[PDB]
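Left out: one protein chain. Kept in place: all the others.
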Amino acid sequence: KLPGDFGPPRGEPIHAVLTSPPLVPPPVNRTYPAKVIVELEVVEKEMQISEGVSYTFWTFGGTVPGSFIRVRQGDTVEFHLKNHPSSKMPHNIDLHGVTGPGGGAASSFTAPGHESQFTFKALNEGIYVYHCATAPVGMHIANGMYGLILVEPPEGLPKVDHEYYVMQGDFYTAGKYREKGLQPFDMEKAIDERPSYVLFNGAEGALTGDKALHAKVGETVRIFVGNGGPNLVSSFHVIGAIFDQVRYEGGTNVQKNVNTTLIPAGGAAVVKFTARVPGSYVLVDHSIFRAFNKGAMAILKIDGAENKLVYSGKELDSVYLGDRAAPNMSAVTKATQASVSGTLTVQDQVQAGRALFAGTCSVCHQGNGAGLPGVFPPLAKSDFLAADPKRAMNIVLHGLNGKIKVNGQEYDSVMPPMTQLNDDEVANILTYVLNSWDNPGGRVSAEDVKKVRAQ
Amino acid sequence: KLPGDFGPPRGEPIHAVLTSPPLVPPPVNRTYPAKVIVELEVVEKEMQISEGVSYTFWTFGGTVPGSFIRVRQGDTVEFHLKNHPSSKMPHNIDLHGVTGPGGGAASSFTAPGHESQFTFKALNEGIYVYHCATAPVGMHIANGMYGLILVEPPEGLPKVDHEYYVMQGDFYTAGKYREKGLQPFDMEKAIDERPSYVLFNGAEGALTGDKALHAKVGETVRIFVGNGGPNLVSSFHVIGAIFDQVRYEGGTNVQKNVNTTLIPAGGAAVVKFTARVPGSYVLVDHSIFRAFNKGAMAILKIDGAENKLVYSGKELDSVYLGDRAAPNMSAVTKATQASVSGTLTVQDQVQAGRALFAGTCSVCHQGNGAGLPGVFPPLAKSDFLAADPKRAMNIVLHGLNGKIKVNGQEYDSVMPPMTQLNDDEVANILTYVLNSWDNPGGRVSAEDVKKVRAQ
Partner (left out) sequence: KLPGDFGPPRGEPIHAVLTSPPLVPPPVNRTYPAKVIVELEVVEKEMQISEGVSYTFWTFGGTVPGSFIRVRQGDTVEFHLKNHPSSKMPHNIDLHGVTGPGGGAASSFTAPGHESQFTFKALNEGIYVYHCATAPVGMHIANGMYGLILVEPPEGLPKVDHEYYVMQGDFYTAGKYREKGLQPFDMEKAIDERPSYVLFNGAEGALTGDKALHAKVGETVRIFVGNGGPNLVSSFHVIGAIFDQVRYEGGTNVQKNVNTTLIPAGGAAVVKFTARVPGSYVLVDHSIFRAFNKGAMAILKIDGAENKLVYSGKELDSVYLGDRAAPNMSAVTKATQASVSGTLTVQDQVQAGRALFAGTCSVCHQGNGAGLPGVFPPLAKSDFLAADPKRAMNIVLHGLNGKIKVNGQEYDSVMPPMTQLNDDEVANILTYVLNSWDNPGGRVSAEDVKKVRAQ
């Protein structure tokens, strides 16, 4: 016999209510199999992959990941795929929860302005990736065409306080990380599996700061975690806690009490978390340069009473989270726009640089620029800075070592190069520093930095 | 006590019958431990890694992966390794099912024209990789020196309708993907873990089209799946279905009802599949650029009656499978040979281009070149094509965007660049198009494309 053998659809046809990340539809709360009509529309559109960095995403339902679909094992699903008239490419779908060739792909081929449909029975409970299946498949997936479908067990999942939807992806831009402007897809980086960004939910900061996920001490949180790839395998981890359980796809196996778990490319898991003490818990890909250098950082923020018997310490700060500690980095978006418009002010630069200074510079120089006498020199009221701003550009790009004197005190240490910062970033950071802490003001431009970098 | 403690070998010595991929030897069907004599011969030889692309493989038994070995837990295995006189390198073996230093390596060192032997007891049931263990080990493995040995449990595995043998590997050629000719091994790409091909069973198309695996609706299929590496980890997946179970090596754990499973480099699993509806099921590495851009695609084709209650849709086609939808791409091999011989005809090019057009171009332009009026312009009887074939070369290499007029209708869309196509491929595709659909004929040469690419 086939699995999911719960008889013909009964009751009324149900129009599925889909949700945008990071939200999940309500439990189906149903004891009979139904005919479920799913309507999903492909939209190609520019969105911000990072502040001041645009990208042409290809999306299921206007978001990356695409809309979440929730059905019950044994349901008959009538799947309608529309391709918005504004699209340039044809699209289709492969849902991993489908039993049949291509997971739906041949019968869902949809040209711009058209609609397709096919029907399948959801034989297998589990959490499943869906994605586009149109040649060149890797390009479509790299552009954002993936999401999750949950096929519930007949009795439903256990009740929890919160359910969230998080999906990792690797992205391939022609430009480097945080290089501003509209960035094309880069096929060469994609084939080589060399992403410029590794993200949760389609953008840097999508789930940090004021966009964090929330829960309270004592509550349970279920996260449906996908890995759209196209190429990477996530060493998926929660900083500061453990997963009560991890279950992949529709697997019978459930792992309990683990911290780091590998999510295949194209894979998905259901994880459960119990909040014990307050603070920010960081979901990461623990291939650490992804998390800390390419954007693969999301936050679950827990509110409630401290418990000093369990953890005596403090909330996370910019030392660990860097420039994502703060609510947002909107000033960077604004400064980038002003640069494009030819209206960039000193204050635009100052506010962008303030945002970027956090972690990146403050770890050593402090958030107030005071440093630590004899160990980390001050940027506040710094004679050394004021004496030569071109030197300061070179220091950021190329580092500094050896004995120096700053504000009457000797330092003999090492500031590593920070060459991966883009010209605008260096310029804005230095303009912030120059306009703070009784420093002499003025500004550094992106062009100034470009010239120094080329020397 | 040691595992596999079933007493001394009894009965008669057994000469193992080894099989070539994708076939498996019969179940041992035996209730006593035996002395099993295994004879395996290393052969170095050129084979086609892709159409018109030769590679010097180093093989156990003339194939990649090497011959399949099947024994019973508790057997005494007398292992004979021969190195064919034509070999240039020495070789040896490490079988993961051996208990002892090197898995056999020191006692199996075999110079060209020599033979070695050693004896081991198969203490541990499971599916195991074997591979060469000769410095430089990575080179030997990269050249194809890996296979599987099954050590059955004493009672045998459960009966199934079909057993097949599939093994992934990563390959490192000096030339790029689909660049024709005899391709040397590339040590630099290998050290960097940057393969040019990622394959099942040693070649593009080894298990697609007319070389697909087969079964019928209702049947069970067991696949012994290896990952020879040397370097990659497979996000192993079956498009359009689920694995009933997955068991790694000799592990006690068995996962049931999963879709995507990570196979370590050097690892192996036994997977089981039950055929429910007809069509082509695609085994892939779901690190998707491997599957769709480097060759990591194999097919299990299921014949039988459709079941519209389970899946209403169609068989896979070139939109998803690309140029591997068709039975084979023999015309590409023939055209490449003709180029070498200096006898390349227009028709040779046309037939090669026909094969390559599928998916690559047809996804948008259609298999009949009609496109979709106002959305995808026609290649059939195309005034725009005819007006300027050099422009058409540039369009394939570099893409096209902006408003154009084709056959009296305006288009305002984007054709992405296709720069990864090789000169011969562009030339053959365009020659096919020019000689189809009332287009003006003539031909485009590889040299013509080379010149355009260099501009």
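Structure notes:
Lettered A and B in written order, each chain numbered from 1.
Following the convention adopted for this analysis, a contact is a pair of C-beta atoms (placed from the backbone, for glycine too) under 8 Å apart; a residue touches a chain by one contact, two chains touch by 3 or more.
In the complete complex, the hidden chain is touched by one of B:190, B:344 or B:364, namely B:190. Touch with the chain omitted from the figure is made, among A:108, A:280 or A:333, by A:280. Among B:21, B:229, B:369 or B:389, only B:229 touches the chain left out of the display. Only one residue in the set A:37, A:258, A:338 or A:346 touches the chain that does not appear here, and it is A:258.
Only one of A:31, A:368 or A:419 touches the chain withheld from this view, namely A:419. Within the complete assembly, residues 194, 233, 235, 237, 239-242, 253, 255-262, 276-282, 286-294, 308-320, 322, 359-360, 363-364, 372, 375-376, 413-414, 416-417, 419-420 of chain A touch the chain that is not shown. The omitted chain makes contact with chain B at the following residues, 2, 76, 88-90, 92, 94, 96, 98-109, 111-113, 118-121, 123-124, 126, 128-129, 133-139, 141, 185, 187, 190-193, 229-233, 248-253, 262, 264-267.
In this text, only the chains that are shown with their structure count from here on.
Per-chain Cα centroids separate chain A from chain B by 34 Å.
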